[PDB]
Amino acid sequence: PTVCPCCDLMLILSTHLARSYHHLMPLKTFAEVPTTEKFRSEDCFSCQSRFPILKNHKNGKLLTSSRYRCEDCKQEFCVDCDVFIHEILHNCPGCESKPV
Amino acid sequence: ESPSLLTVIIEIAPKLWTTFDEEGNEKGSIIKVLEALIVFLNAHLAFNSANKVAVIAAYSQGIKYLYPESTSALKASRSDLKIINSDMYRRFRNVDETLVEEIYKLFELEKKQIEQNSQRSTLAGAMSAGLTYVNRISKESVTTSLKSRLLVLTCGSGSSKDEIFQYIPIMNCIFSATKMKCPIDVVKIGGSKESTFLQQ
Amino acid sequence: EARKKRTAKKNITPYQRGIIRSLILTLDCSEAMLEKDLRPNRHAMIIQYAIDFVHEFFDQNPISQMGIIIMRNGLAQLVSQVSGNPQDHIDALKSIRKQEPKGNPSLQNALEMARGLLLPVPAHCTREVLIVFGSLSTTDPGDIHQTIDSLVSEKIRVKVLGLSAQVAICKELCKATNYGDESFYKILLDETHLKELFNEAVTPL
Amino acid sequence: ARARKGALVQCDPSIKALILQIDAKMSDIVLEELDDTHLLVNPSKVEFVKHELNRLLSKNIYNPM
Amino acid sequence: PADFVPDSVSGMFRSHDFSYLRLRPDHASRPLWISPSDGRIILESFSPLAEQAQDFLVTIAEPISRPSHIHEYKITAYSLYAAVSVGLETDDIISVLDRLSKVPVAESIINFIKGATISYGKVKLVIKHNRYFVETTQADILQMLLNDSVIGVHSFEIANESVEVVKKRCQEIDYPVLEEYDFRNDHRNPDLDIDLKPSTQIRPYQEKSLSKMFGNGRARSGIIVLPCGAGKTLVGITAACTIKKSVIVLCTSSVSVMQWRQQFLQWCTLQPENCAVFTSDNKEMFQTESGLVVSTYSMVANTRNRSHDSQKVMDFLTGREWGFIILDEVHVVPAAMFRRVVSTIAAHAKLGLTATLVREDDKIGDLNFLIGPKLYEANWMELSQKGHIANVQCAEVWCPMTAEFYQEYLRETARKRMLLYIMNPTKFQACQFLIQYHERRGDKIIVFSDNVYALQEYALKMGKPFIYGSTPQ
Amino acid sequence: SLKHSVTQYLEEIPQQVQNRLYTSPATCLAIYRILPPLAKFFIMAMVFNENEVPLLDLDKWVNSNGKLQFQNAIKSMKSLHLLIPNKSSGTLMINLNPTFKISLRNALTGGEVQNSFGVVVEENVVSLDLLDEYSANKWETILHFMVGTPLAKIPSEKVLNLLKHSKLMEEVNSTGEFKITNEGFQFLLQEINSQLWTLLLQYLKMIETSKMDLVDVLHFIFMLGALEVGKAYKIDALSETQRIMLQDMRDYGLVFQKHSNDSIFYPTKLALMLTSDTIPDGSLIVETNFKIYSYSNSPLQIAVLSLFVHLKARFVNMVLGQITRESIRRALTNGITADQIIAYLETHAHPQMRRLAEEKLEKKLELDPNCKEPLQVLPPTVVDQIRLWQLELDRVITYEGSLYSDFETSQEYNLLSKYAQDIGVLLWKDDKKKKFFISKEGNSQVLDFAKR
Ligand SMILES: [Zn+2]
Ligand SMILES: [Zn+2]
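Residue numbers (the authors' numbering), protein chains in the order written: chain A, 360 to 459; chain B, 21 to 97, 104 to 226; chain C, 104 to 308; chain D, 2 to 66; chain E, 101 to 252, 313 to 633; chain F, 5 to 282, 334 to 507.
Worth flagging that the hints you see were computed from the coordinates, not collected in a lab.
Keep in mind that a hint or two might mislead.
To be verified - Per label pair, the in silico range of CB-to-CB distance:
(1) C:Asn207 - E:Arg601: 48 to 56 Å
(2) F:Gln377 - E:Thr176: 37 to 45 Å
(3) E:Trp558 - B:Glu166: 51 to 59 Å
(4) A:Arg399 - B:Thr222: 51 to 59 Å
(5) F:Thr95 - B:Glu166: 44 to 52 Å
(6) E:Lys576 - D:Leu57: 13 to 21 Å
(7) D:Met27 - F:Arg410: 53 to 61 Å
(8) E:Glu617 - D:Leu57: 27 to 35 Å
Virtual Cβ for every residue (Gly too), placed ideally from N, Cα, C.
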């Protein structure tokens, strides 16, 4: 994007406009799921990687499970998708798969 | 040279495909699109031994992975139905069978839940899921230097107009795919010649 | 520790941020950048991190404009005018990477030329100055509180990424230019923290 | 315009002097002295030249135990 | 063997296949491999716990070589004597080796450690009223030795000359001699007020060498190897200041005697009235009850008919009981009669300082019986990368001889052969090119050649000055 | 390399043999996967249309910066006879090979394949504990006998006379033993996929008998490439030459069978990794005192180390060795050249040596940025000592032939010398000495020239 040198008008593109919509409305952070809460799925939503047993110690069981529930669509995500949806992407696949 | 992950975001909407069938002379064009996609995915797997395929279907009430199937179903299962012949190449044949069984399961599920009509298309969410899968496989890197490519098989059929609410997610998908150097291919099977968002 | 980091990121709120920005990247290029406490030296890695910052800033804020000023030999030196083309700023930073840093820094001269550069900026476009300050003291030709008052009157927000320690004139300048907010004066800890600061500097304020 | 049996060999002047002196020891090695760099050793004794040349240069090599 | 069958590739290991040692699960952290055949220790320095094992291994072992990544150490009887001198016993040496080693420590290695460390400090050589006694804490140790009886709480006096014979015999037997000086508790010898000047700094490797010498609070006789310019003279001054007794320093030249006297008078608080020099020109002695004398090996061991005043000085040196001797360039001590300077001078502590601890005969190992064990070796690469010594680029320049010189080299005897390979024109050309190149680079160049005729011919050919033996001072 | 070698063999195969080879879909699939990416893209863009395709369309498909790769793909396909040019109506039109097109389309879509991918009987054995163990045991046996360690078990006489009729594995009966050659050590240098391919290519070269049918042989090889590990296949779909070569590949270790003359066979992991590939073992440390510390527990890598390293001690992780003069001369008299010794040392150099070399290169670039130097992972002192030992082996090189001299006339000697120079067998000439020399193979031409 540059200002027009002949009529002093700013010349941008739609992608240049859209690069800042995530700064205008950001994604709410994904919530850490409770260990005792009933788990909806064994695999990620947009990634379908396994959520493993994650037994930190002998009696840990499902302590600090790698699911990251979204506040709106209530869909669980892995740690890689949790980083990726909040950093590189800027939109929730569960929130868009929700048929409002 | 280098293997790639081909992720096919296919928009199988019963409303859109019914309007496409009513506009055209033929019926059941979903079968023709699906079998052309099957042959194309077999072609991509024939291109290189180590390359990979993912398929995500964007139906009316959300998205669902077609290949590979859900790991819960992998743990629970295997009722190998005989839609695809078993005498063909097995490395293509498991892919094709998983794809067609997930197509059958998705159509049975939305036949069960057929009564609810939604105006919210899930193509943008399916493309976001495909981009997350691309990132997942690239970060896992079990095969070194894996490229990636999105192919979007959508249908307009002259019934659904341009949707304003899809503008922001598709733009974010553009930026993420440009960051990961993953091209996004779009095939629009319909009557409306112009689809500005997917063209961009 | 992961939960503490998540707690530190829980404070999410859709704050209104100025998208169209006019950033003045001011870089210290005096004798204090000859110190070898950072690898390979302060001047070279600040120039390299500024090149990465230019690329990231024009990737995430395309519409924004930016100019580059350095502090050398008691004077502020313009090395590229305020423009929306990142390639000119990349070329200017590459040109300054060769030259040897020497002199005494002048925060007042840097801020005066930053004020001059941000004067023709329109009112809708936010006015920001990011100063990578390497020294601990500055030699000014006149009063610097008058320059700070002029910056506040001209609505120019100054963020300073210091290198060695906390300087009170930089802290007071950041506080006055950011309306009592003392979180806009940042001092690095390691190379990773300096990279994190340059990555934080690309988001709209 | 006559024909003989012989084998050409490339050498520096040090090996040239070594093969000339081993010819002086046993005269059935080189057919004629040719140049400072090329000689004509006997094809039936090429391997003997190899073995005794390595043995005679082994005194110039320090071999730790 | 641990019920382990040989593998297919056990053939070319001549009973060195140590694969029977079961590997420990945490072997990645441990940096040590223990060879049961010869006590070799393989250390990896890139792994963690690297220096924490390296100090332990330089304490208990002698390093064969110390390259960048993998170091080699040898379990040696003298090194274990040094370890038990500085205070490490069998239990914690074996425990630390077991914890730091990947493979378990073998029973042969454990038994070798037990046998080497045991029977230490039983036989001792003490000097009482300028007379050598050998003393045992246990009564039966006197009576068990009966082969080499040179007799003249339980102790007996041995002859002055037979000290080395007694030490060699007790090294052959499993009862090594303990030679340590307790200069705190030795009050019969007169003390010195010698001390280091406050402006003198001591480098950390010199500190490590002096800590090896004075580890247990007693002065232990032995050898310190440091490169030239690393401060072996300063280590000698500091050892003299630590002992604070009468010091005699034996050097190889009169200019070295002058240098050592100047270094004492410069670095430490020793008075010139307390310092003396025994040379050809200087033969007057210090009149105080204790002090410093610096002399030469040839003057001390001159079996020729020496002068009357020098005989008086030798009588003074022999009649005094000396507390400390510094043998500079100790590699010449194992010579024919430079050996007897450690016998004719009855010194409580003996420190041999050198840079070149090699000889071309097998008599270099006699220094363990003459002076003592190898107390410290400097790592020359570590000193170079710390900048204490210069970083040298060692090169070997191959000069191909001409045909005529090689023919003449073949048809001559060895004495002419030496001069004939030295005097080849290719080395002239290479040396002249290197002289020109480094003179353009601005380097001070020394061209060493033992052949005097070759030295003169090269110097006259290149226009550079030459110094040899017959040149005036 | 690998793709280049199999492409060269398939190009050396004649045209009608290629057309017969393109019958089975699995062979067509493997041959397609050998091709470069532009060739593969054009092949798949041209399979699904039965009509004609010009070269101008394919040339317009390629960008301006990929014309060299387009020419490479066109020449590769033309040499492999996947393209038939036609000269009608002034445009050089292109057909895909019809048999290749039909077989590839059948392989893609599914249909008639005449059991080119085999049949599965659903009863299986464990892959890692039995199949991989058997294949690894056969491969370790073949490479241990090949490198020459003492073995209680030796491989089959079929691969014995394969190895003595191959270029590598020289052999004498005066001593009664085998020697590793230059290409023999090169074979150990490359990856085992290309090792299996070059063994299979030399086996393809040496099979000239009527008992072997070459198209069926390649069908079996590419079928084994197409198959999967860990599940079973029937022999009943094979011809008799494929049966006996199934026995031969059982001897090699490419395939496992529970008993000889069984109806059911099991392909192994080498069958799949035949197609394409996918601290480490064998990583070694070199020091300036020529000490080698090799973190190797595998007897194969210890044995390969023993070809040029004087081994001193062995532990579970690592082996002690020393690069000595007599060991390097042993390798050099076995023909293992210094360049490939140094290549082995580089490819098995340790990550710690890698990072110390990176630190040295970083200091060198921060001190003298004007000149750039290659990454010396291993000490140049030991590299130069290896090359100096090579030079001290090769101080003198001998050629045998004839020298013609004692010429009274210089013109005749000049005529003979220029004749030798023209026929290209001369090595030296001079009029001052009146002497010119020729090689033994070039003796006969000059002899008949002088006689006639
Ligand atoms: Zn995920
Ligand atoms: Zn959501």
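Handout entry: In rising order, the numbers of the hints this structure does not comply with
Key = 1, 2 and 4
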